[PDB]
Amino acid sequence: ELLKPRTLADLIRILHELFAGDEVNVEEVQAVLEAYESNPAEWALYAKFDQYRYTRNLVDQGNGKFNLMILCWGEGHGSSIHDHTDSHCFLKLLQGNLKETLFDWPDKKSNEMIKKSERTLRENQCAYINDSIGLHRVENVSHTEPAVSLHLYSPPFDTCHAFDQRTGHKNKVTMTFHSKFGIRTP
């Protein structure tokens, strides 16, 4: 039974229920994420920005079934074109806007990567990606508004690949956290 999450903490409780089993109902997870109305006071603890690039701030480890984190994007900050390591990846905007660009998996031949489509994700919207859908890049293209997003990955993963837009070549990246449970990482 899917109910509206009243707060971020309630959302987390609901997610624990939805991930209690071995599979994931993507549409249900997306619907509950979308139903949570961002409340900046509830997530201020996690919204730790860096001058130079976006930050990843761990919120919950999902009893091992998922990682829930908050990403903080300064003006002009963006990601690589990347995959999601055979995991489900949900992204919900909590503040601002992000541009998501979709790309196809590269051919083995070196070529300029093919941009499929683009969209602007607005406050409170929840998007979904997985490797079967394709690759993506996420960027805060704003000059004036920092963005904050809530990401859920299941199973958790700590490495992925970044892809060179000019060639399709991939490199393994290890993801790092800026903070965990509100506490800065050393």
Given for the second form:
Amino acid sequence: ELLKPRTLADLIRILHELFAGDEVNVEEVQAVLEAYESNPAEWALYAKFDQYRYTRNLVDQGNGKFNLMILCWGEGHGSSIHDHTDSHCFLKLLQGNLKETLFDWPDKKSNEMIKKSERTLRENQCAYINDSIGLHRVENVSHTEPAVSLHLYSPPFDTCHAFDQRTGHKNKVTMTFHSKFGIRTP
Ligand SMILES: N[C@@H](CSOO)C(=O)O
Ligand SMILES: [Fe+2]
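Could the form solved in complex with ligand 2CO be given as well, to go with the form solved without ligand 2CO?
And the full complex, kicking off with our chain again.
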């Protein structure tokens, strides 16, 4: 039974129930994520920006089953083209906008990766991706507005691949938390 999360804290309690079991109901997780109405006061503690690139800020470690984190994208900051390491990956905008570009998995041959499509994710919208859908790049293309997103990955993962748009070649990248539970972890 899916209720509206009243607060970020309420959302987190609800996610612990939804991930109590071995499987994931994606549409339900996505629906509850979308239904949370972003309230900046509730997440200011996690919203720690870096001038030069986007940051990942751990919010909740889950029940063994997922990580919840807040990413803060300065003006012009974006990701690589990457995968999600056999995990569910949910992305909800808490502030500003992000452009999401989708790519197919590259073939063996070295070859420019062409965009499958792109969309603009707006405040409070929740997107979903997994490796079976494809790869994506996420960017704050704004010149004036920082963006903040709320991401849920299950199972948790610490590593992923970045793809060279010109060749399709991939490189394993380890991901680091800029902060955990509101504490800067340098
Ligand atoms: N996967 C990237 C961000 S876009 O993922 O929805 C990351 O978590 O660093
Ligand atoms: Fe991603």
